[PDB]
Amino acid sequence: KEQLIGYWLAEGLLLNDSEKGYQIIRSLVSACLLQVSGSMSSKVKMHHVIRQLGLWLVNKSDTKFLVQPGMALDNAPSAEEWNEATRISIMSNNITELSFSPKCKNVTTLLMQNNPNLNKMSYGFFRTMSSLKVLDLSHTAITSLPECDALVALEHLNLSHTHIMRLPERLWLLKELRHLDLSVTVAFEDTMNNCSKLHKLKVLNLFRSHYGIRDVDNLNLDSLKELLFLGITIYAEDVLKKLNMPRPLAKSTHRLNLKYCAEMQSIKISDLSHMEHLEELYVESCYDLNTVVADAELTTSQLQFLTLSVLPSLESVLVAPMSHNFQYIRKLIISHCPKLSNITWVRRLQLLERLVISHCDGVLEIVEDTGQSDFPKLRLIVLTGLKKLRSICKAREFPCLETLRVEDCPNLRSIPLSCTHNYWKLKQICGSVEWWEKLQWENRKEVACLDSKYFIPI
Amino acid sequence: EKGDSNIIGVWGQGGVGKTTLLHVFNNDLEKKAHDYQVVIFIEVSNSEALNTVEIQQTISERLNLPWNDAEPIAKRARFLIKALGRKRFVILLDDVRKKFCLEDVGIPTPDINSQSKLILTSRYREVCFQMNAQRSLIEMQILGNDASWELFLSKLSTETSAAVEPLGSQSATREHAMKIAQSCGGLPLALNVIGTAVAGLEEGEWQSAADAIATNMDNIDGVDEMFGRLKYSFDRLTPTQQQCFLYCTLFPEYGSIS
Amino acid sequence: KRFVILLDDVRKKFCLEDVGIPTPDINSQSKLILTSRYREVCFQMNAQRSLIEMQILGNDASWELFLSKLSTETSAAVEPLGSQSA
Ligand SMILES: Nc1ncnc2c1ncn2[C@@H]1O[C@H](COP(=O)(O)OP(=O)(O)OP(=O)(O)O)[C@@H](O)[C@H]1O
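Respectively, the protein sequence lines represent chains A, B and C. Residue numbers 432 to 800, 831 to 919, in the UniProt record's numbering, belong to the letters of the first sequence in order. Residues in the second sequence are numbered consecutively from 174, following the UniProt record's numbering. Residues in the third sequence are numbered consecutively from 260, following the UniProt record's numbering.
These are calculated hints, taken from the structure and not from any lab test. It is possible that part of the hints are untrue.
Said to hold, decoys possible - The following label-pair restraints were derived from C-beta to C-beta distances: (1) C:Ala336 - B:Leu326: 55 to 61 Å; (2) A:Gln434 - B:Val197: 47 to 53 Å; (3) C:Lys272 - B:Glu234: 25 to 31 Å; (4) C:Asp268 - A:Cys910: 40 to 46 Å; (5) A:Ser492 - C:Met313: 24 to 30 Å; (6) A:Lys491 - B:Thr193: 46 to 52 Å; (7) A:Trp487 - B:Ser356: 24 to 30 Å; (8) C:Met313 - A:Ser701: 18 to 24 Å; (9) A:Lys491 - B:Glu227: 31 to 37 Å.
As the list claims (entries may be wrong) - Just so you have them, the derived chain A footprint on chain B, three or more residues with Cβ under 8 Å: (10) 367-380; (11) 385-393.
Idealized CB from N, CA, C, for every residue including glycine.
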């Protein structure tokens, strides 16, 4: 829903209110035009018959569409078909090169995501695109974006998972731009001091970026007072300290990234307590990280996504047992933390669903040795390469468990799975056969039923 | 029962249960014993032009009288005035909007010498005063917080209700429901419309829906018909009075003005 | 009378007493069944808690239904098992 509501907001169909987008999605699903489908309710889908009906309505409508998604197209259609349509979508294709320059005056929206083979575009491609409002180049292998100074109405950009190297200066000429998404940019090197040129921006994103705000010098977002959501990747403590003064800019960091951090041996949510909008936290490759502090101070912010990556020096995280900010946590991912040896506090997460762990060779158990199961909403646990994981946790009720995958865990002898729990929501279980045989079970029915109904050997 | 005046008037905001109160009262009269032979329910709000034929037909049907098509209205009015003159009747006018002569339709104005009681409802105090019911007047207070909350659950699915109903454990969804229920202001019709429109919540969007509903009520479904039902009271006022009313909306929400 | 009325594909909210159908209550044994393409209109009928979503038919059911709408000169060309054909 977040993507679709974003495009609706950029298209002008919504009066700068996302909740009306949620309401429209509700009207569609209640009319059975769309159906919610996914691990969480945040994902919906369109039925095949309804999709064909929509295409037929497009054909009968004056506003022609040129939409070819997911048919593995290796050669983009000629400019003749583009010149008359209004909305174009070529996502999930295998387009390699784009040479023609369209004459599309009436076209307002483009969708060219999920194109691994798309890396180069013809210059002057954007000259005729005066009416463009929504533009996406995500999940592609391009390196530069051609001249786009003729885009007098663009509002949305999304270059997530794109190997963009430098943002052209033509963007600062666009005063109508509203949304920028530049996450998972591994080749990005352009400075962000030039973003102060634009005035009417609402959203940025530097989450999990190769280049972010490494120092206070790069922090110049105070000019953009129109911002409501920002993505920032920290590389030094001074950025966090400069972010730690009361202003609307500080509280707008909804999701935070830590990459190649220097002098970040400790982090406290009290230092993050100035942020009332923080949910997601990502930490990757920080040498300093020794300890993480989760204070009992119940900040209004409701953290839900935590991911810790490549922290050989991270020893432990202190979580208050009685009351903690992690009670809202939806998902945990811990990767490459050989020195992390205190995670028992996971049992205090009543709202935890998804778990992914890889090569954290310091964790004995996710839970070592209210009147309810600690993980009633648990859905997914992933373990990989855990050399020192003796066990997962004690036996607990997981009525909503659906998927479990564990590989390369020689010390993992027992799992909290037991036949005393009801089994009607489980659908698949993954893992190696040798580890399944090496597991110690309290009841043999836990072996036969799982191995005959939902176990998927690798 | 205790009232010394045979005309009883009830007034209140549109859709605060006046019709519902009349329905429940009329249905509850059969439990208790009384000397009233006939209880008549009349819906006058069908028009502001006093569609007298429908009212006469309803009264005639309620008295086992043989309805006639070509009989003149005035003669029928006299006939029903004589007919109601020997029976202790309880007539329930619903949502009267302009002053009209009771003898014109055929309803005799009850006097202290008679045991008949007349009950009428309206959206306006002035029209109730025009019915000589200035001293059997009750203001229809809006429902309380507990009543509003218990009514709100009745218009929610359990897949949503069991997500909000449980106590003990504190979740943001319950507090969002507190915001939504209190935003309706205890007006039963507003609670019904919103609750029907919000019967389909899941956990994720409880926050945003509660955030927006406190500011803009247009986006939630079913409100256009609610406003149309409540639109008439504004339309009755003079254009100067209308302009004065819209000037009052600029003051802050949940405040007080001198 | 204890009645079972089957409304089919209701599309807008309408008063049951307007047409003449009394709204059944717990004190009565009458049951009212209605269908619609929209969840909202069903919620408007005070039936928010007797709601069932009509799931589409399964793959096996869809396949067995598909044969029922085919001629055997075509079906006997597709129905047989064992031998695999495009
Ligand atoms: N106590 C109550 N409990 C449940 N529903 C109620 C209650 N009071 C009123 N309602 C609802 O109010 C809705 C509107 O009818 P209501 O009696 O409130 O209108 P009204 O005050 O006569 O309106 P108007 O001024 O337009 O004539 C009904 O559908 C009924 O379900």
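Cross-check of the supplied hints:
no. : hint                            : result
1   : C:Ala336 - B:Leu326: 55 to 61 Å : 59 Å, holds
2   : A:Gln434 - B:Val197: 47 to 53 Å : 50 Å, holds
3   : C:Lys272 - B:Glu234: 25 to 31 Å : 28 Å, holds
4   : C:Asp268 - A:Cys910: 40 to 46 Å : 43 Å, holds
5   : A:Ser492 - C:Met313: 24 to 30 Å : 29 Å, holds
6   : A:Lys491 - B:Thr193: 46 to 52 Å : 47 Å, holds
7   : A:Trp487 - B:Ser356: 24 to 30 Å : 42 Å, violated
8   : C:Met313 - A:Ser701: 18 to 24 Å : 52 Å, violated
9   : A:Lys491 - B:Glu227: 31 to 37 Å : 47 Å, violated
10  : 367-380                         : holds (count 5)
11  : 385-393                         : holds (count 4)
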